[PDB]
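First, one chain by itself in structure tokens, the form deposited in one PDB entry.
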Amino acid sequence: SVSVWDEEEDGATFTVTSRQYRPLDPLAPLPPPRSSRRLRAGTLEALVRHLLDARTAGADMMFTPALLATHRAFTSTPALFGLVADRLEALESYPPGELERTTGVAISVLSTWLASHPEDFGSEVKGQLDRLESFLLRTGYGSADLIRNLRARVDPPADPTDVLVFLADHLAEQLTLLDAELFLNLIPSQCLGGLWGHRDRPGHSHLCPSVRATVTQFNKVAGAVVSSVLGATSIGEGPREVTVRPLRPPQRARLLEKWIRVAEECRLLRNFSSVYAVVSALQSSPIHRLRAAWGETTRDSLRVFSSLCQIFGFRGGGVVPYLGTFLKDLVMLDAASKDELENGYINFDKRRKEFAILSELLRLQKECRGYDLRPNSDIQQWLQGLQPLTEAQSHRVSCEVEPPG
């Protein structure tokens, strides 16, 4: 019925899971059992053997995409490419039949890799590319298609109170526009807890750029809300260097309502990144205090605000998730499971859990491409000229605006 048994090989460990399904005709012979030989652990070289095996496509369907997406966690791109060239050059002396079929798998694996993660192929792999290119001509072997594509990748002061001037849904569209294109630019392998977790380490300032870009925009929005509601513009690094607009509580309320509606419009656009930027910013400590202003706020705005806090035309069918839940999940996943087993074998089960999460943001990326958002250059230049307050600046202004009693 359902049978599971382990295996062991040169430098790897497998697990076969063959389930016998009942035939469609109850009196017919048993149909061939549906089986899946899945790699569980092994050396880096053994992983490349499994990678270049023609059987893997059907036996371990999701080994290839999982290795490719996660390899930067335990290796580098030129090494992985290098080992694939090692194997192929080793098979040169072999009988031509075994050479062709593997070359074929190698062609198929690299093309998938190229389509899935082009930003992997920099100038770092120039030698490995030559290695593969020499091979294909030497053995006489979409080869030409792959080489063409690989070579083309290896060888190439605004007023924050002016938010009231724009319609709220118009603002959400612009914010969604910016968040969405950053989410499309997101390289999901950079979200891995073994890379994002070490972003602060003494040599990783240029590591994980696409993820950081997402965070910087989340912080610019949360800054914009905080700075707007306080009616203050940051003119220096210091806690005192900032000009404040004098505003009565009823006037501040109008800024609260505006942003609450901006949040709500982001929710209808399914841009949760900015919903969470606006909401957490409204719940932020320098703006949470402002009771007078919060007391002057229309009650329907407060209900929408509650409804949003409890979560935490053709306006495009898309989504921008709050990355952070994902980053949390990946960071905790990196710390919960070990990189390597006691024998020094790479724990490939961890990567499988990792890739499953990386898969979900891949489908969200494809969903995100359904967005129909039109650029607004007036809102865009307003945002670009916006100078947000530091946490120290915002706390000082809040006290000067609504003093403690």
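Numbering follows the first chain given and starts at 1. Note that the rigid core is defined as the largest set of C-alphas that superpose within 1.5 Å between two forms. First, how it differs from the form deposited in another entry.
In a core superposition between these two forms, the Cα of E124 is the only one among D162, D200, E124, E237 shifting by 2 Å or more.
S36 shows a C-alpha shift of 2 Å or greater between these two forms [criterion: core-superposed Cα displacement of 2 Å]. Here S134 counts as shifted, since its C-alpha moves by at least 2 Å between these two forms after the core is aligned. In a rigid-core overlay of the protein, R101 has its C-alpha displaced by at least 2 Å between these two forms.
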Given for the second form:
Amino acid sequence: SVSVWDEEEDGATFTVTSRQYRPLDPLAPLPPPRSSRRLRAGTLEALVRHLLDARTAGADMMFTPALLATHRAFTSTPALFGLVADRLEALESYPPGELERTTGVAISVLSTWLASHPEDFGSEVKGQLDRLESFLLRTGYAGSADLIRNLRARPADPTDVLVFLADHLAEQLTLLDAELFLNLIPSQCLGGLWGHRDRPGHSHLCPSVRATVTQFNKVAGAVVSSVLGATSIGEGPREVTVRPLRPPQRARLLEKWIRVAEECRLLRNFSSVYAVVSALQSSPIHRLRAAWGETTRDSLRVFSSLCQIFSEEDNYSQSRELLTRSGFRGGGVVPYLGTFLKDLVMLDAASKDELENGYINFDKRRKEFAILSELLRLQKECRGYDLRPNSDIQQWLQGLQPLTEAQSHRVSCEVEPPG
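Can you now output the form deposited in another entry? The one shown was the form deposited in one PDB entry.
Below you will find a single chain and nothing else.
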């Protein structure tokens, strides 16, 4: 049995829910009903009061991390820091017990904030850092000193794919994907930021997300470029140099990328798996029936198996679920980011930022955080990778120029004309 009702305060709405459970011993008294008092909506100022309330950690447990991870969609870092300082200095005239309580919470909140989103803190927050520094010295608050310290502290032959062992290729691609995924700033993935990328004035919006997509596109390009005998000269649909290739030779390139993809699957670099798979399933490569005909059945089985993994079926359930010879190879992960971007854009359109009264609709922020939180921990997992750059494979990767879609469609028709 669960009792649920709403309450209101200063400038915020709260929903209280109490779930009574049955006892351990079947004859024992009822255990105290699990209480939960979550902020539903409120003004910015009210959020900060809820954030600096001592009760919040134990009741509305996900509020603090949710607010810190999503606040850039309705505020700025400097401002949020400002309000925390605003509320602290306002408690200077308060009874000294309550000031000591809130200061403690403020330290806790700001430590966690720095630990999980360090790139939030830069030159922009200098004034707020001074105010807090001065606040702590005036109030006589006695890691406090640790927090201040840590805050202050803030042309390549495409056919040469064959010349490298596939497992080494996968390692090398993972390295590029892993660093970019570590450089990913999750808040930039928020629907209200990423969804507005194409609007004029937003060309340098979400740069860490774009780099993830650009690396995906280089790999897809590499595969398509490599399977065709194709090297890009310029932007023109005819500005391509083509290596002559017999169908069995072209099959080996196909099998090469299938093995690469499988090795990426072994490393759990799902981003690159999907880049390779997509490229091999793209129209100028899917057309090459003679090439596929020369492909070993073993290779086609693996390929089919890789394709089923990244199918759109049942909202990508098979790829969504997977997240949930060699020496000392650390365990990592690189997810395909697109699925997360789809969720966040979709989630951005499902709710308005504000309620009719003008309150910040925190309901939306909690849902957004459920996705942001997950890729935050996948970044933690991603740090378990331990790989070293191979300069030759790297060099081959950088001098590699993807074709345009018009170039790849034209070449595909040259090397294998339609019957």
